[PDB]
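There are 2 protein chains.
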Amino acid sequence: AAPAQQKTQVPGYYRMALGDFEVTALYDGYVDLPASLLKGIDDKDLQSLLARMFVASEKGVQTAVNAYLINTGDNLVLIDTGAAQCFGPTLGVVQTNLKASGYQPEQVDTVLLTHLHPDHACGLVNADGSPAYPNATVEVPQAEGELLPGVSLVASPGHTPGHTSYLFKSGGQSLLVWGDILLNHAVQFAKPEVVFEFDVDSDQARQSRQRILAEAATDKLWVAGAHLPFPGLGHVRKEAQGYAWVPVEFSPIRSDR
Amino acid sequence: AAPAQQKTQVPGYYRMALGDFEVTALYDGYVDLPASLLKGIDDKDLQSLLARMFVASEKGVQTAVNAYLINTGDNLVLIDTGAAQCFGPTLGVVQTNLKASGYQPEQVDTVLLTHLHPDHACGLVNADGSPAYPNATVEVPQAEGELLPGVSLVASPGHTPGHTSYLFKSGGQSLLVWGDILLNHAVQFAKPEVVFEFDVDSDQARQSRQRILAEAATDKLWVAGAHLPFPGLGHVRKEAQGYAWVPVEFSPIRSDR
Ligand SMILES: [Zn+2]
Ligand SMILES: [Zn+2]
Ligand SMILES: [Zn+2]
Ligand SMILES: [Zn+2]
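Taken in order, these protein sequences are the chains called A and A'. A prime marks a further copy of an entry chain. Heads up: the first sequence runs through residues 25 to 167, 211 to 324, numbered per the deposited numbering. Heads up: the second sequence runs through residues 25 to 167, 211 to 324, numbered per the deposited numbering.
Just to be clear, a hint being listed does not mean it is correct.
Any copy, or any two copies together, can satisfy a pair, since identical chains are not distinguished.
[Said to hold, decoys possible] Here are the simulated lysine-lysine pairs, DSS-like style, with alpha carbons at most 27 Å apart: (1) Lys123 with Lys68; (2) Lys305 with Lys258; (3) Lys31 with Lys123; (4) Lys236 with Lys123.
Keep in mind the hints are simulated off the structure, nothing from the lab.
Kindly generate the complete structure, drawing on both the sequences and the hints.
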């Protein structure tokens, strides 16, 4: 006698203030990744780490893919673009969420890619072959502020040779849109030594991860992570061993802050 | 040259499957609570606990107020109703989010109150004096399933004498909509001994909290918490000392699960 269930999820966007900038986190969808792709750890310990965060793995680890839209006043900047249809119908929702968040793709004047992997770059092209962001300058990493006012490059090579993170600064606040520094929040904060099979260079990716985590924890900066649980926004805390992820708490943007 | 900032936040609803039931978490807004209202802990340790979770306290702890709408197939059930205008304009958004989530208040056939505090009960009445949920049977705690199919009472006295939690079970899964078992996730999971000044009976509230946390951790049940960071959904994990909150990871409702 209840009405039919609605099913539908809330739209995959989330707003956060960062000084005078506005951050809109955008969800692309998810992909199931086998836990066996994580290496450098015993099966038992891996499963314990997953169970600790109540992450199911029997049918693979459901992994989020996020992109970030930052309105700096000077520019509307999109970092990564999701996967379009490259990895199937559970992904490709970034542009839809961009629209849901109150912007249009024609407004994006800059697209920054952390790296060229499908789940970051395929979203540049619509199903009919038309450019998803037709008015944007697209920045591809090489295998005021600096790049733009308030926006600078933070090299983070390893996952791919040209893998790059982007730093946004406004009003004393900093946000690092870090790309694929890590793929599994339940394992690689606690044990950054753990690597991903599809890191092009796993040793290097691991070195960059250790460094970036140390810096993020030390400087208490905000992090925006392509494969962290959506909205993928939060801080890194140093633990006795390894690190912990602290996600932002849902909040409207406050005028009195 | 960027467009104007949108400001607006994504609507405050979140969908989760629980067996054959559908859970819609609903955000009422927030209230700033002084950290001085938490007792049983030194100032220093309290501040350390807050800083650990990156919770600002200089202007009070911004605290979420959540309600929960569960479609059990048999009933559309709302647990708590937010504050309406009882605590000012930063609250009172539950009904708005209920509408945003695709339901209408006329559809709610049952309202369960965890307790009679303003931030749970004031939402029963619209600004013009009309009933917010005019077709609902309202269950006030006394100072199949059992109450309804799949729905049972879990007494949790202390915060108020009649304070009550509600258990929903479907398809082997359980969700406890627990009310005000705790008020600050950054302090009272790690240190359940810490009490709230406006618990009517702080010793009793603390006993109920210890018991409920132990049970939630042991039985691995889902928890829906009125003052946990929205959507307020997740699990409780037992630590060497005290407990930890593990929030659900954003996900659509999956057909293949
Ligand atoms: Zn990648
Ligand atoms: Zn990726
Ligand atoms: Zn209360
Ligand atoms: Zn309350």
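How the hints compare with the structure:
no.: 1; hint: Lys123 with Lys68; verdict: neither (43 Å within a copy, 45 Å between copies)
no.: 2; hint: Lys305 with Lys258; verdict: both (12 Å within a copy, 20 Å between copies)
no.: 3; hint: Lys31 with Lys123; verdict: both (21 Å within a copy, 14 Å between copies)
no.: 4; hint: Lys236 with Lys123; verdict: within (25 Å within a copy, 37 Å between copies)
Violated hint: 1 only; the structure is consistent with all others.
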